[PDB]
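Trainee: So you can see what is in the structure, the chains are spelled out below.
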Amino acid sequence: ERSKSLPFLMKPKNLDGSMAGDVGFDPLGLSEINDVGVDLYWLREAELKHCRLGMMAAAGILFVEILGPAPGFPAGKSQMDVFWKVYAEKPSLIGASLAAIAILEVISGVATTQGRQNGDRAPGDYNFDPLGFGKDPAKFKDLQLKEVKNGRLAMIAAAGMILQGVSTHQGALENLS
Amino acid sequence: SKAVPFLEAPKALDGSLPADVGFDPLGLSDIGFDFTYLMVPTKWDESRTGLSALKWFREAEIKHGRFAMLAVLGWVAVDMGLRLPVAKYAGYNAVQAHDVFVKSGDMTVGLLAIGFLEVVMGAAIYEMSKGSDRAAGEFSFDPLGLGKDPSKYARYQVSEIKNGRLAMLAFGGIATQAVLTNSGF
Amino acid sequence: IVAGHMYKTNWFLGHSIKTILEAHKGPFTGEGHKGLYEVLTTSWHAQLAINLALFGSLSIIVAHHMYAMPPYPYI
Amino acid sequence: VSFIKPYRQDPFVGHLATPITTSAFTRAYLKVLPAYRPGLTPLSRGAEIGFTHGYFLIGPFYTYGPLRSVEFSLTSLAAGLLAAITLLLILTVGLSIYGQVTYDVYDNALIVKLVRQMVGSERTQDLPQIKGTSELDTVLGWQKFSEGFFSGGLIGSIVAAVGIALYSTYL
Amino acid sequence: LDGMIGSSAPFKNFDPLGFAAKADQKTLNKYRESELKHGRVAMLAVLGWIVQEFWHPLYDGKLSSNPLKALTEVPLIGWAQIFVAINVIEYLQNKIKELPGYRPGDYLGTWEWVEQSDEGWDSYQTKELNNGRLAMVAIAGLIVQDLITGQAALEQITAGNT
Ligand code: CLA
Ligand code: CLA
Ligand SMILES: C/C(C=C=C1C(C)(C)C[C@H](O)C[C@@]1(C)O)=C/C=C/C(C)=C/C=C/C=C(C)/C=C/C=C(/C=C/[C@@]12O[C@]1(C)C[C@@H](O)CC2(C)C)CO
Ligand SMILES: CC(/C=C/C=C(C)/C=C/[C@@]12O[C@]1(C)C[C@@H](O)CC2(C)C)=C\C=C\C=C(C)\C=C\C=C(C)\C=C\[C@@]12O[C@]1(C)C[C@@H](O)CC2(C)C
Ligand SMILES: CC(/C=C/C=C(C)/C=C/[C@@]12O[C@]1(C)C[C@@H](O)CC2(C)C)=C\C=C\C=C(C)\C=C\C=C(C)\C=C\[C@@]12O[C@]1(C)C[C@@H](O)CC2(C)C
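The listed protein sequences correspond, in order, to chains 3, 2, a, l and 1. The deposited numbering puts the first residue of the first sequence at 43, with every later residue one more than the last. The deposited numbering puts the first residue of the second sequence at 35, with every later residue one more than the last. The deposited numbering puts the first residue of the third sequence at 299, with every later residue one more than the last. The deposited numbering puts the first residue of the fourth sequence at 2, with every later residue one more than the last. The deposited numbering puts the first residue of the fifth sequence at 39, with every later residue one more than the last.
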């Protein structure tokens with residue numbers, strides 16, 4: 043009856059055990075929202091998209107700062123400020139990436155709403171397993187848990203890197219030391 | 035009552051709460067306002083029966099006591115030295131460290147973190163108002179485990195509330211006096 | 299934006315225009331504004347009357363404030 | 002509570018009992034006016050009405066007439082007084098013709114009872130009908146009312162002229 | 039000290055000196071008339087005191103903003119007209135007092151419409167009475183302060199003579 047994460051709180055009604063990373067940590071009861079097209083399905087899809095985006099962004103920042111930029115690309119070690127140097131010399135790359143992300147996000151929203159309507163697609167599912175790393179069950183749950191935990195950690199990390207780069211105008215590991 | 039004998043009792047200080055002696059001359063434990071509405075302004079839930087002002091006051095008193103105990107520990111620590119093993123914390127007492135650290139962008143971080151914890155535990159308070167069995171000040175935080183043996187739990191309860199009252203008054207004195215036992219006005 | 303968080307729509311929060319109107323009675327006005335909510339939610343013509351009157355008054359106020367305090371450069 | 006109700010418990014009259022039509026202030030104020038004050042003969046009502054009306058009528062004529070004067074002038078006062086008196090004469094002519102064409106009665110509050118009791122099988126509108134039971138609603142009553150209005154108008158206009166002269170001279 | 043209107047929460051049926059415990063209905067009606075007249079006059083007096091202090095458009099300015107000083111500056115022929123108007127008003131009130139069903143302070147004749155009074159009507163009458171009492175105390179304080187100090191309300195407050 044009590045949430046596993048917060049023993050002083052009752053179990054959130056909509057979070058039983060199903061989703062990976064579920065420990066009952068919903069103090070504000072946001073999982074019970076059923077308005078403005080927002081429900082547990084939409085919240086989970088948003089959480090998974092945030093997890094994946096944060097993982098990609100943190101990996102990119104760390105890669106560029108440690109191993110350096112790719113040939114022909116600007117340096118500076120400040121990832122929040124090197125973006126304007128890339129846009130100053132290769133605006134077409136940024137524009138094409140933005141257009142591609144826009145199209146993919148329109149497709150993602152359509153897929154989310156459709157799967158919410160005629161329930162056949164789990165939240166965050168895009169059938170993207172080209173290498174077959176999660177075919178069999180009893181490993182899919184473990185992979186989902188790993189992805190969720192890594193994505194939450196990378197969300198926090200990427201938000202921290204964004205704020206550090208905006209404020210200190212220095213590199214992430216530069217702030218570290 | 036057991037204190038201020040010429041006043042019988044407020045009305046609600048029956049004894050169901052720990053550390054109860056009956057001291058409430060102004061009868062503050064009888065206000066009909068459910069202070070959970072200071073958090074959730076509307077009834078919101080149809081199951082929100084309501085929270086008595088006495089239980090809200092007990093939660094507030096326990097929280098105040100814990101805050102004051104930690105506060106006097108910190109203020110006494112910075113009077114006798116004991117700076118964090120990092121730069122930018124040199125010596126600037128306690129009457130001036132607050133402002134200089136509010137300037138240096140980390141008191142805001144402390145505000146954010148404390149507010150996050152306060153929001154979670156206030157959601158706990160709101161669930162208590164909704165009608166959860168959780169008692170005031172009970173966050174089920176017993177990691178080391180010195181909370182079993184119900185007699186020990188009750189003794190530690192009364193101990194915590196009495197120590198919190200003492201620490202509230204002691205912090206009031208320390209901040210008003212600008213410390214006399216370990217520093218000067 | 300602040301004024302937009304006034305009327306109850308889908309949560310237990312905000313005002314009901316029916317309850318506001320029905321509470322505004324008086325000794326000189328009998329039942330007061332009781333039934334006005336039903337009038338303005340079942341008749342497009344009443345809404346058009348109110349909106350058009352206030353809209354024309356707003357247009358005249360705009361006309362006054364325009365020349366009174368010229369809001370455009372070199373106008 | 003409701004402060005507007007049908008007049009005299011009749012929901013079909015073209016009237017309402019508002020806090021202005023049937024308020025105690027309205028009752029007393031209209032009952033102290035000469036037109037409705039009890040115990041006044043029609044001549045007395047006319048005299049008081051004429052006095053008040055000439056008194057306030059000389060004002061606009063003297064102040065804004067064709068012969069004004071920012072200082073006090075006897076000619077301006079005489080012009081205003083004559084204009085007020087002639088206006089009172091015109092009003093008295095109107096009263097006289099109105100009373101001539103309106104009523105045919107010499108003693109009211111009785112003829113109505115006589116025709117409600119002893120039958121009124123005549124040309125009507127004199128025996129029967131008869132609107133209003135006041136003494137002002139007779140040929141004799143209205144004639145004395147007009148006479149009083151005219152005399153009181155003259156007297157009040159003269160009094161107001163004297164007061165205006167005194168105020169302009171000694172103040 | 040009866041079922042009369044005017045009993046509020048802080049002191050219900052406030053007759054500590056027992057003026058009403060022995061008086062008959064006529065004396066109590068007289069007391070209510072006096073209280074209501076004093077309250078209305080005092081509300082007018084307080085509002086006039088303040089407004090005159092910070093606004094005196096009439097008489098082409100002049101008429102010093104301090105009350106109890108403009109009292110001796112009005113042309114004294116405008117005083118006569120105000121006196122006569124108040125007198126005519128109170129003559130009309132006297133005429134009202136003999137109308138059937140008259141109530142002590144009721145010069146609007148609300149007894150004509152208000153039979154079986156509600157709680158809102160009683161509450162509004164009590165509101166008028168309490169505002170009148172507060173204005174009586176306020177105008178007494180205003181006059182006394184202006185007499186002893188010589189400064190008006192917003193002048194004494196502004197300087198800080200408190
Ligand atoms: C009410 C509690 C409280 C508060 C507000 C402070 C505030 C402060 N202390 Mg401090 N301190 C306290 C208690 C407290 N102390 C106690 C009890 C001790 C002894 C253990 C110390 C020991 C101490 C040292 C040794 C030093 C300070 C210093 C400082 C200052 C720098 C920190 C800063 O800028 O904000 C940072 C942000 C915060 C302090 C907010 C606290 C947020 C915490 C970390 C969140 C987690 C709390 C924790 C998990 C509670 C567990 C309960 C529950 C979860 C079960 C600042 C004025 C330094 C200084 O220079 O002072 C002059 C310094 O060197 N303190
Ligand atoms: C007891 C009430 C009272 C008395 C005795 C005075 C006396 C005075 N006022 Mg005054 N005044 C009052 C109330 C009063 N005021 C109120 C309530 C207001 C707010 C509107 C004002 C606003 C006011 C201004 C703005 C000025 C004066 C001025 C003056 C002085 C010159 C007379 C004049 O022009 O009056 C003018 C009075 C008015 C314009 C408003 C009077 C409205 C009355 C009080 C309400 C209706 C009365 C009605 C006939 C009787 C009630 C009916 C029913 C309840 C029975 C004189 C000392 C003048 C002066 O020289 O100032 C120093 C001046 O310029 N007064
Ligand atoms: C209606 C809708 C879409 C939809 C739908 C459909 C289509 C109807 C289908 C479904 O049926 C429903 C629904 C709702 O899904 C809404 C669209 C979504 C919006 C409104 C898009 C918002 C995206 C904004 C982002 C993601 C911007 C991020 C900015 C960054 C800045 C980066 C910086 O580097 C910059 C530039 C400067 C540097 O110095 C530092 C920083 C600041 C870090 C980080 O990235
Ligand atoms: C949109 C796009 C790029 C957009 C870039 C933009 C907007 C950038 C604009 C800017 O930089 C400028 C200009 C100047 C700056 O100052 C301003 C900005 C704004 C910064 C590229 C698309 C690029 C699109 C590409 C490359 C598409 C390739 C498609 C292929 C190969 C299709 C193959 C198939 O069609 C067949 C053959 C058979 C079918 O049956 C099956 C399939 C497989 C679908
Ligand atoms: C008055 C008070 C407590 C009074 C208690 C009383 C009377 C108790 C009386 C009783 O117990 C007895 C005696 C006996 C019992 O039988 C009866 C009662 C009646 C129960 C506490 C004040 C408490 C007052 C407090 C705590 C004030 C704290 C102020 C602080 C901390 C300021 C912090 C700063 O941040 C600023 C604002 C600015 C920065 O630049 C500088 C610093 C200094 C850092």
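It should be emphasised that the hints constitute simulated quantities derived from the structure, not laboratory data. No residue lacks a Cβ here, since even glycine has one placed at the ideal position from N, Cα and C. Each hint should be verified, as a subset may be incorrect.
Quick list of in silico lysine-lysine cross-link-like pairs, DSS-like style, CA-CA up to 25 angstroms [claimed, not checked]: (1) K46 (chain 3) / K122 (chain 2); (2) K135 (chain 1) / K323 (chain a); (3) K165 (chain 1) / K32 (chain l); (4) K137 (chain 2) / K306 (chain a); (5) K55 (chain 3) / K186 (chain 2); (6) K132 (chain 3) / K191 (chain 3); (7) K46 (chain 3) / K45 (chain 2); (8) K32 (chain l) / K135 (chain 1); (9) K32 (chain l) / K323 (chain a); (10) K77 (chain 2) / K316 (chain a); (11) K32 (chain l) / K332 (chain a); (12) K6 (chain l) / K60 (chain 1); (13) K53 (chain 3) / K77 (chain 2).
Coverage of chain l stretches by chain 1, computed from C-beta distances (three or more under 8 angstroms per stretch; other residues unrestricted) [unchecked claim]: (14) 2-11; (15) 79-88; (16) 140-153.
Trainee: If you draw a straight line from the CA of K32 (chain l) to the CA of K135 (chain 1), is it 25 angstroms or shorter?
Mentor: holds (13 angstroms)
Trainee: Given the hinted pair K46 (chain 3) and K122 (chain 2), is their Cα-Cα distance within 25 angstroms?
Mentor: This hinted pair is violated, its Cα atoms lying about 39 angstroms apart.
Trainee: Within a Cα-Cα threshold of 25 angstroms, do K77 (chain 2) and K316 (chain a) meet the stated pairing?
Mentor: Holds, at about 20 angstroms.
Trainee: Within the assertion that chain 1 covers the stretch 2-11 of chain l, do at least three residues meet a Cβ-to-Cβ distance smaller than 8 angstroms?
Mentor: holds (count 5)
Trainee: Check whether the Cα positions of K32 (chain l) and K323 (chain a) lie no farther apart than 25 angstroms.
Mentor: violated (34 angstroms)
Trainee: Please count how many residues of the stretch 79-88 of chain l have a CB within 8 angstroms of a CB from chain 1 and say whether that reaches 3.
Mentor: violated (count 0)
Trainee: Measure nothing beyond the straight line between the CA atoms of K46 (chain 3) and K45 (chain 2); if it is 25 angstroms or shorter, mark the hint as holding.
Mentor: This hinted pair is violated, its Cα atoms lying about 38 angstroms apart.
Trainee: Is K165 (chain 1) close enough to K32 (chain l), meaning Cα to Cα at most 25 angstroms?
Mentor: Given pair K165 (chain 1), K32 (chain l) is violated - Cα atoms ~32 angstroms apart, limit 25 angstroms.
Trainee: Given the hinted pair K132 (chain 3) and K191 (chain 3), is their Cα-Cα distance within 25 angstroms?
Mentor: violated (35 angstroms)
Trainee: Tell me if the straight-line CA distance from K137 (chain 2) to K306 (chain a) falls inside 25 angstroms.
Mentor: violated (42 angstroms)
Trainee: When you check the alpha-carbon spacing of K55 (chain 3) and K186 (chain 2), does it fall within 25 angstroms?
Mentor: violated (34 angstroms)
Trainee: Can the restraint linking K135 (chain 1) and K323 (chain a) be considered satisfied, given a maximum Cα separation of 25 angstroms?
Mentor: Roughly 31 angstroms separates the two Cα atoms, so the pair is violated.
Of the numbered hints stated above, those contradicted by the structure are hints 1, 2, 3, 4, 5, 6, 7, 9, 11, 12, 15, 16, listed in ascending order.
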